[PDB]
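> Each chain, written out:
Number of protein chains: 4
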Amino acid sequence: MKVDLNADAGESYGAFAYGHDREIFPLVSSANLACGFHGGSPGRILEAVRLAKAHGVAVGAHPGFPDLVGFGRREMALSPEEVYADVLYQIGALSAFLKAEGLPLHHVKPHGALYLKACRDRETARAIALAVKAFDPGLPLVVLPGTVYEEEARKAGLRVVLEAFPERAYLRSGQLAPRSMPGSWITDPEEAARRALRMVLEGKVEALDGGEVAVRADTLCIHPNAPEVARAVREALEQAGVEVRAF
Amino acid sequence: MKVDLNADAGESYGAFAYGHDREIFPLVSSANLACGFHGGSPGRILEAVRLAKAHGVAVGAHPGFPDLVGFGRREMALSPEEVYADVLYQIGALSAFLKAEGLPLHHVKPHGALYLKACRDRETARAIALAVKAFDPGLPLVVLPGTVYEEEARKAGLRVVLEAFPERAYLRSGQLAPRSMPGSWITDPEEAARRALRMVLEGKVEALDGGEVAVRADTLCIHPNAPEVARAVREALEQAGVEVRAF
Amino acid sequence: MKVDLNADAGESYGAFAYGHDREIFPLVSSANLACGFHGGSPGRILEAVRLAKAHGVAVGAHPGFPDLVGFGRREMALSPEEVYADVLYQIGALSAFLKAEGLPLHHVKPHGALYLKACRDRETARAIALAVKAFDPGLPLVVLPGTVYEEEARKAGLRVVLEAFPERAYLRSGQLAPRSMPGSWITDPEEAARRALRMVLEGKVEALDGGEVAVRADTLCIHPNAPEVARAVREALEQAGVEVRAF
Amino acid sequence: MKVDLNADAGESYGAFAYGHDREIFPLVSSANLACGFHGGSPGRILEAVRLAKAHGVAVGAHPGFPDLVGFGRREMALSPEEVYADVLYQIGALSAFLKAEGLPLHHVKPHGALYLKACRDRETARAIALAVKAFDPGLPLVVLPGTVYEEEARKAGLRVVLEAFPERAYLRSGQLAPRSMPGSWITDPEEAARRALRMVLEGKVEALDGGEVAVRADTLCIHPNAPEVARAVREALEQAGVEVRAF
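Chains as they are written, first to last, in my numbering: chain V, 221 to 467; chain R, 221 to 467; chain Z, 221 to 467; chain P, 221 to 467.
Everything labelled a hint here was simulated from the structure, so no lab data went into it.
Every residue gets a Cβ at the ideal spot worked out from N, C-alpha and C, and that includes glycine.
There's no promise every hint is true.
Claimed, not checked - List time: in silico DSS-like cross-link candidates among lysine-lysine, alpha-carbon distance up to 25 Å: (1) 375/R with 319/V; (2) 319/Z with 424/P; (3) 273/V with 319/V; (4) 353/V with 273/R; (5) 319/R with 319/V; (6) 319/Z with 375/P; (7) 353/V with 319/R; (8) 319/P with 319/Z; (9) 353/Z with 273/P; (10) 424/R with 319/V; (11) 353/Z with 319/P; (12) 273/V with 353/R; (13) 319/P with 375/Z; (14) 319/R with 375/V.
Unchecked claim - Rough simulated footprint, nothing fancy, chain Z against chain P, three-plus residues with beta-carbon under 8 Å: (15) 263 to 277; (16) 306 to 313; (17) 316 to 323.
Could you put together the complete structure from these sequences and hints?
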């Protein structure tokens, strides 16, 4: 069986280095690159694309809100029209670097607060979906299963890719546990790898509030010690005979 | 005979409306749209592209320095690597809006200080040329004839388009007269139209410092009262039997 | 009797001219100057301060959200800590220009979405109040009467200035009528002037949903045709024997 | 004898942590804090000011060019008017945080390319000097000795503070050796400390191109392994009986 391992990257801005792209790229099969709004200045995008290419990592767009200082982690009251234009702008900018390096745009996955706004706001979700569709109808959109975001993406006629989080706790409802909830985030790479295997091999994950829940992981998202977690997860999957490859 | 009339557009940023796109688009055959660095926020780009499409105007990229407050009119010590990445980023962003609207990217023409830096700096000129070539080898680059900029563009293997300025005075050397030089800028739309016709029909323009100089105008650049000048110029050309069409 | 007439100003950014400061300054007694976040680049701030000084207009800070493209008109999920720091930064920046021109900082009044967030969010309101207090305990804060914003400002120990809007319709509740509600905004300068006089002379204004409501106007806020409205309002007040002066 | 040890700080921007303020502050007597243009977002400024206060470090403004992505390290063709306004804006913004924390603004020292432009351009140097003077005539300006920058500062009537660089090689001319010149930068903290002592105790430093040159160090500037160098330098000075205190 196979699964895609994805991680955010190229979020550095100018002189401000961010993340551990060098350590993460050799472990993942796909990367979500920032497009200059919440991170990723032009030179850093070019650098990240070159790194991904060198490591045979598939590159997708990681569009976000126009809030650099806030790293796109803050909710912003953008109109659907503004979301559509901002997403198009970002996808296009990244695609130029991929074109220069002879690589295709693999997917699109919203970043931070935009992602969250999409998961609970139909108009925002629809705007993202239409922007992606208008750019390339064939582009897959990474979404959180069971959300209005997955719904609008499907209604738009886009191919959807289901994401799972081995580092985040799940609730019986099938949705992610609230951030600051005791035990909401799995820190031990060993358990995360354990959970990852389970999600792939069995399509299920333990639930924080009792029992377990079903989850179909087309791709597994990886976050500090991210390299360690990513390492642990990839190894557990490969030692298990699971192929880690871009979706 | 035919000639292209081009003007900058889509330079508005957010709530800050700029220029007279509505009045200029029905007069020109090509437009140079800002890409978010010295002007042109995403929503304004989308708006300008829609307007151009409605008026059958060809759209090209107008990349500039990353200096919004300065409107990209200030020289910046960008390394060639930075110029290359910034230009790619901008061309890509604009191309996404054209793709959504089913339009092709017609050309590329640097804006303000970047344009000027290119005209006198070989490394900058080369960086712009390579960025354009890396994105689409078939993209024509608008340049100032007789400059190192035209040279590097040709050395890069790109198709070059020669620009002339009916509103600017020329010197016997064949280059544009210094900005603050007495009589450097033609304000009377009548004379500008007069000069425009001459450049097209005869391939020559009066020189400020005596006599006249040769000029091949594949395209004529148009700037306040820009609409009046553009109007006067287009009419003089059409009443003369000259076809105004995108190059 | 006397009253202060205030209007926003200095919102231009770089090459992007905004508003009609030249036409408005000779009509108002106080101005709320942008501080570089939603508008007002350094050069434009300096320009606005010089203009105010030339016209003997009192200058206050008009801090907003860090959203230039959105003109600070979009709600942003800033933490109270972030609101506090952003407001301090802005007040300080403007105060430097006033110091250079030998003028005092007259007041503080939040801009756009920040203002609205303050009117309904106690933590945001408190953060603004504390920032102002930390900079100068003696600085008056302009607020909307009957809001949690007025409450937190008073709880913080700051002097509060009550603002009224002759151009906006009021509801019996005493609060402003919703923006897109039929008849929510008074366009006729004559009626606005009429309402303005009433608010000053009688401390009351007609209510959109029947009868009238009480309103104490320490200052009257003025907005396109803003100059006309401002003109009409100031004249109605002066021809009525009401002194227009900074609070 | 006494001397001031200064280092840049507070350059982090939003989520982008930069430098080693925590390690450097306990070693220096003065810090040059970024003001939001080339680094230092509002929250990070507040954080740096709090840290300095906790460590009894004197805080000065470190104004720079409006080039965040370039970290203010790139030459920009700002007019003297623009330099003046930008510097005022920045000094004012930082002063608000100092006021809130009950601390005075200790000095002003330009950052990166602005600093370099000032050292060779009289109009830029004058603009900086006048901005500082307009804000507070009593504010000392840190300058490079023997430059047009020191000259304009003195002509402006400002108190000037002479800076020396124990980590940079000097030429017989008395000016700093070119960056990429073999041996231009002292990496060994031991030698840097050695040089530092010499500059203080003897007012001289070895010259790269032979012999030595005179240098009066009112303050010593400290830069990766900056903490190590700063540590080595402070210890060498204290073990030598030299008092490290703000000028």
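> When you check the alpha-carbon spacing of residue 353/V and residue 273/R, does it fall within 25 Å?
The hint holds at about 20 Å.
> Between the alpha carbons of residue 319/P and residue 375/Z, is the straight-line distance 25 Å or under?
holds (21 Å)
> Below or equal to 25 Å on CA atoms is what counts here, so check residue 319/Z against residue 375/P.
holds (21 Å)
> Hey, residue 319/R versus residue 319/V, does the alpha-carbon distance stay inside 25 Å?
Satisfied, since the Cα-Cα distance of roughly 15 Å is no more than 25 Å.
> Measure nothing beyond the straight line between the CA atoms of residue 273/V and residue 319/V; if it is 25 Å or shorter, mark the hint as holding.
holds (12 Å)
> Is the Cα-Cα distance between residue 319/R and residue 375/V 25 Å or less?
holds (21 Å)
> Does the structure keep residue 353/V and residue 319/R at a Cα separation of 25 Å or less?
Cα-Cα ~10 Å, so holds.
> Taking 25 Å as the top limit, are the C-alpha atoms of residue 375/R and residue 319/V close enough?
holds (21 Å)
> Does the alpha-carbon distance linking residue 273/V and residue 353/R stay inside the 25 Å limit?
holds (20 Å)
> Between residue 353/Z and residue 273/P, does the CA-CA distance stay at or below 25 Å?
holds (20 Å)
> Please count how many residues of the region 316 to 323 of chain P have a CB within 8 Å of a CB from chain Z and say whether that reaches 3.
Satisfied; 4 residues make the cut.
> Hinted pair, alpha-carbon criterion (25 Å max): residue 353/Z, residue 319/P. Please report holds or violated.
holds (10 Å)
Of the numbered hints stated above, those contradicted by the structure are hints 2, 10, listed in ascending order.
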